[PDB]
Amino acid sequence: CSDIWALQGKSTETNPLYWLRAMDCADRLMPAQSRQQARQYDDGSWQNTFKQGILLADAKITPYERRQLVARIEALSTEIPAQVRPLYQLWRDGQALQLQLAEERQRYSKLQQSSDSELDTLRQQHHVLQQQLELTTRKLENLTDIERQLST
């Protein structure tokens, strides 16, 4: 399961059972191991690119880094063997859904942000107005009471 990463050749590249074992092995690795193992596959081939994507997927990577990975492998979508495509597609879909999840997380916090600064601003003005109204009202009452008493 450590020797699986070093396998190359057409009989491996085109082999869905190989990639499935890779994905399996990837999931047994701690984030730091994943990153270290991934550094060894820099050659820029689709095989290495795909391996990098598999290893780094659960390596506690930023939504930005993930978007970078997905982009690199999607650019070599034509290079993925016909036997592998269905497996690749399933994996790629998972990554796409995690990026959509990242967006929706960001989009939510943005709404939580702007709507809270709006509320805090308005409730600030409302308190200021509550105070302004009390003072003016009390003045009016006070003068009115004096003027009522004076005229009688």
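Numbering follows the first chain given and starts at 1. If you superpose the two forms and keep the largest set of C-alpha atoms that fall within 1.5 Å, you have the rigid core. Compared with the form deposited in another entry:
Core-superposed comparison between these two forms: among 125, 112, 106, 100, the single residue whose C-alpha moves by 2 Å or more is 125.
With the core superposed, residue 134 shows a C-alpha displacement of at least 2 Å between these two forms.
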Contents of the next structure:
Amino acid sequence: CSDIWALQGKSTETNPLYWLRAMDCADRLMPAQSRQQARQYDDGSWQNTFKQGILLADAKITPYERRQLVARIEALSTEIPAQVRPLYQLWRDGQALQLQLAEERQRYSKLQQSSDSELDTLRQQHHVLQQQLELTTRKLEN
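Output the structure of the form deposited in another entry; the preceding block shows the form deposited in one PDB entry.
Excluded here are partners and other molecules; the one chain stands alone.
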């Protein structure tokens, strides 16, 4: 696994077995090691961007980091060798669905926040309205 990251060349890039190993090796790393290793692959070529994505995906990254990860991976989709596309696609779909999950959890968090604040606003208003009514009833008796 120590040797797989440095491999370059036409014969390596177009081999689905290479990228499968790379992804396998990344799963074996500790999240902190994945983040650190990904930093090496910032040249901007599709090969390094893909390698960076594979490593960065296994790190403890933020949802907005993954949003940016997904975007960079989608941008280079046309340069992915035809043989590798089905593997790339499967890995990308995995990153995409993790993003959707993060977005759904955010949606739920916004609904639970807004509903609670709206409910309690009404409950404070119910307290004022109830007392003001009973004060008014009292003043009518006087």
